[PDB]
Structure formats: structure tokens, C-alpha cells
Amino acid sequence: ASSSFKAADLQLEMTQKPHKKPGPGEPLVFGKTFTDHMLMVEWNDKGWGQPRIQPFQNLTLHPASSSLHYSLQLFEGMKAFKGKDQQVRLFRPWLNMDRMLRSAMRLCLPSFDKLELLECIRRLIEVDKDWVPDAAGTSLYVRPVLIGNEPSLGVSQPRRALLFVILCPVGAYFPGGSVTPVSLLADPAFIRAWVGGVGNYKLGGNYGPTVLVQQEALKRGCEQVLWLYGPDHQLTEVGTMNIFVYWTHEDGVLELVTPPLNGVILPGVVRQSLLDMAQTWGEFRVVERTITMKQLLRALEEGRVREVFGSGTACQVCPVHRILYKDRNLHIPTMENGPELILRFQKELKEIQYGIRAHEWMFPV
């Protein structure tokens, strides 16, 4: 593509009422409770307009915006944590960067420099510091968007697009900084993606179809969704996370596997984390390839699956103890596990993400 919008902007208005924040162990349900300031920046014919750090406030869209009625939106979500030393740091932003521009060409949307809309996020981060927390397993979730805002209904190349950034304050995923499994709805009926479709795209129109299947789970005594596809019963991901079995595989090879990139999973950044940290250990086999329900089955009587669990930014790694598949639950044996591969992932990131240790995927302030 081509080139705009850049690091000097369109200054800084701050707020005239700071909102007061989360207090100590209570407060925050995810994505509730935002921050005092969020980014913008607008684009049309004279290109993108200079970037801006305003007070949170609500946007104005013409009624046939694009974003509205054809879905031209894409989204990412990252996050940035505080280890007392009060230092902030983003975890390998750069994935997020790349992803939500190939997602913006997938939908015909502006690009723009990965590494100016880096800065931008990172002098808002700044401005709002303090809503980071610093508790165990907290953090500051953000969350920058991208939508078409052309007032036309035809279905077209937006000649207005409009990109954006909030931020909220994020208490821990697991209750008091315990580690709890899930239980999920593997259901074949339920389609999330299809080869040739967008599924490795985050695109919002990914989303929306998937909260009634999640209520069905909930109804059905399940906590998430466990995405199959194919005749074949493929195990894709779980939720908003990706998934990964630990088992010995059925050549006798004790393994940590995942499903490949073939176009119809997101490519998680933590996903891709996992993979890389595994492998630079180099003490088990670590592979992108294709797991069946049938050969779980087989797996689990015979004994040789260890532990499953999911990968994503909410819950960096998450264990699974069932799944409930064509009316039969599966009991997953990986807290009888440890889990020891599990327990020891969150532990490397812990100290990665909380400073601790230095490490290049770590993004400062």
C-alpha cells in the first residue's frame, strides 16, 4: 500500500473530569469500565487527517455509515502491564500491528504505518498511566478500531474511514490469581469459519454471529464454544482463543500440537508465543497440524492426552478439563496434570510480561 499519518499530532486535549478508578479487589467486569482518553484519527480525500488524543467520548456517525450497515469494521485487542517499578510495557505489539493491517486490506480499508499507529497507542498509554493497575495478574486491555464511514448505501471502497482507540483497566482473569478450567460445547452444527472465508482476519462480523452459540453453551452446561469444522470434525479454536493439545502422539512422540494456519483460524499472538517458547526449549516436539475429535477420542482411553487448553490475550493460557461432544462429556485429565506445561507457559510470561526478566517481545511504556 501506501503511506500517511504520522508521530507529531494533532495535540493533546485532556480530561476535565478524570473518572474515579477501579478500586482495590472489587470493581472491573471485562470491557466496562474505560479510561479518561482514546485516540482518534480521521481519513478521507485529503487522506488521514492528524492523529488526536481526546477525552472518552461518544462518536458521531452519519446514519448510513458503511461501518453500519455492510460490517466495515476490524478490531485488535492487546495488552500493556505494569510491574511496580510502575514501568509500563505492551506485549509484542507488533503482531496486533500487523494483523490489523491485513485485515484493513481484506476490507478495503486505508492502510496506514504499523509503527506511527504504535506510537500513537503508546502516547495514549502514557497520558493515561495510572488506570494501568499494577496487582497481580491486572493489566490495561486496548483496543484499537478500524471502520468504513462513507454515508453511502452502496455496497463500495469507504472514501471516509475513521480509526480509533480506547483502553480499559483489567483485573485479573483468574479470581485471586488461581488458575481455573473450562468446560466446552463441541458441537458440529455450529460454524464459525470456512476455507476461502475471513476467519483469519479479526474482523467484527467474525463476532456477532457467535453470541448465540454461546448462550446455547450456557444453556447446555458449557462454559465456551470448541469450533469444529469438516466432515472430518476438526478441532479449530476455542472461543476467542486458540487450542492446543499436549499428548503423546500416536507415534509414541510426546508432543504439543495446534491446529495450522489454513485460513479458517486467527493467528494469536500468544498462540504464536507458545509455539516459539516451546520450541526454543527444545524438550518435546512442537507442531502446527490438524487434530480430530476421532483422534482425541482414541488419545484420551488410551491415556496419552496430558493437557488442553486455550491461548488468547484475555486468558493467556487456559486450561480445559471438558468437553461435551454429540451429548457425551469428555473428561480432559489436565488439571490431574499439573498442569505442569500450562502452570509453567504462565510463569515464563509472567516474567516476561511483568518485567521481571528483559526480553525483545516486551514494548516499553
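The term rigid core refers to the maximal set of C-alpha atoms that superpose within 1.5 Å between the two forms. Positions refer to the first chain, counted from 1. Compared with the form deposited in another entry:
- Shift analysis on the rigid core between these two forms singles out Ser178 from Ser156, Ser178, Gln215, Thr280 (C-alpha displacement of 2 Å or more).
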Second form
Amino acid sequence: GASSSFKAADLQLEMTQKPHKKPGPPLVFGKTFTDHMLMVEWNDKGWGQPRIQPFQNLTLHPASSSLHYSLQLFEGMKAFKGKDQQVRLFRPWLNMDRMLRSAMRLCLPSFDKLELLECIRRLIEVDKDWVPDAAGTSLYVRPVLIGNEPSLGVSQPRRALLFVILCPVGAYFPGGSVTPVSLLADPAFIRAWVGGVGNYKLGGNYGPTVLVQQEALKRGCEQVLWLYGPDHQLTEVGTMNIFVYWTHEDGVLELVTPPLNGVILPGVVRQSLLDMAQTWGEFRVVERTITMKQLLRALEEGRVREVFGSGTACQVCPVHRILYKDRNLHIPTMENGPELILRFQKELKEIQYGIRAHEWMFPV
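Same protein, different condition: the form deposited in one PDB entry was shown, now please give the form deposited in another entry.
Chain only, nothing else included.
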């Protein structure tokens, strides 16, 4: 059908008459929600008006395509409150771009990126007192678009819902340090494949990972290292992008991450780390496949400095151990500082919390 969008200019506001009490000083990820949400409905008449409304349950027809055929996508981004109580979102335009790409892949309706962003801004503004301001804390923003056609046909939905909910989040690390994780690298489990949809933030990519994460824990590891292809390409760690800081086989010190060739989700943090490192101009920055054979050889030769994951949840997450083919591989990230990881963490903290002004931050 023809494209159309809702407009922020049309936003309707209904304030809660029953606010929840705000948390004390233990923000467990994803279990505590704020007082309001955004909601917009789409059908054959286009989008309705956007509304901010009290946090409340969804009412869905039992045949809703969202629940049968996974016509569902989401985003995640963080807002941060500085010491002056100004709230700012980190590169939210990138998340909007990604959400629209996801929507098109599932034949869900398009909308105007900047109108959604302005609605999100207004929502956060209404719930601004829910954004924590202790060091390292944040507000997680969770936009969702679902198909909502009351039909068991596997087909393009004629109805959809877009909604956004918000969660306060606690700190992951003490100021100025990081704590590493151990990974399970089992080639039997495949997250994504070329020709598939692992490069979109679709619900369907995440459910099948629950059992695998439980196998990692059973095995004494914290997260999953996702391997791909017959050469055991390192793709992602958990729900994070993977980076390696090493001297490569050609003798050149570089930061490498896998290229966007279909099996990598294009992270916002990932893009930001690449951008920052390119701007410093201190070492080579490249997008290239990384194989277990290359890593094993680099480790034995002492060429690896730091391996880490990146994503909205911890920002940068160091790795100290990989369990592969029943071999426990020590990764010397913490013995190398981890200088690069701490550098990234510091620069992101300064930008996100407004210690210095930067074009990446969108004020609320």
C-alpha cells in the first residue's frame, strides 16, 4: 500500500491517575517500568494519532499475527541523565533507521523516523523523573512494532501496533573499571545465516538463544560466542558485537570487527567504537572476518591484546576465557589493562553524561 505516517504534532496525552512508586537505591534489568507508554495503531486507514497513555496491558485478538508468526520487532536505546538533570539519548537516529529496516523486512508499515523520535522525546519528558542520575545508571527505551491482524494466514498484516515502554537500569561496573566474562564457543548452535534475518532486530532471533545460554551456564560460561561457517567465524557474543584488538598476521596492530555481510546485527555501539577509533587515527581499524584458527594462532603467539563485546547493555564488555572444543582458552584482555576498553568506556561516559558536548547526544 501507499506510505503515510503519524505526526508528533498530533500527539494525545493522558496522564496517569495512579502513579507507581519509584524504586529505592535495585534496578534489575527489564523488570521495572515507568508510569506511561506510547501507543500508535495502524490499519487500512493508515496510522491513527499517537498517544501517551498510562502504562497498561495490551488487548490482543488470540489470532494476532504477532503471536503466531512472530510479526514483531524491537529496538533498544538508552537515555542518560547528567548531574545537571538534563536527559540525553545516545545516537537515537541510528536506532530509528534500524527499526524501519526491520519493519520493511517483515512487511510492517513504515513511518517517519523523526516523528517517532519526537514522540519518544515527549514520552521521556513526561517520565523524566524516572531517569536515574547515579553514576553508570540509565533509562532503557524499548520501542516495539507488531503485526496485529486477526488472521491465521501467513501474510502481510493489515493492522499493526507500535508502542514504547521505558525501564530504569542500574550500573554494570564501578566507575573506571570493568569485569570480564567467559564464553562458550560451540559450533553446533547457529544464531544466524547468510540469507536469513540475523542482521535485523526481530524477536524471532532471540527466543532460540534461551536454551543455548542455559547450555553455556551449564558448562561454566557466562555468555555464548556465536560461530559461523566451516571456518568457525566469530560473529557475536551474546547479544553484543565482537571486537578484537591484536597484532594481525601481517604484523600490524589493529582493531577488527566482523563485516556486515548478513549475519551481524549492525550495533549502534559498534558503529560508535569504529567511528571513535577511526577519528583517533592511532592504529588500523578494519571490518574483516575473524576465524577461530586465526585467534588460536594469535593467542599462542602473544598477539592478542583485548577481546570484547559491545552493545547498549554494558557498552564494552571484556572477555577473559573461551571454551572451544573442550579446551579452555585464556584470553589476556585484563593483563593488557584493558587499556583500549577503558579508553572507550571513558570517552563514552563523558559524551553520554554530558561532561562534554557532542553531536551524538540528542537532548530530551
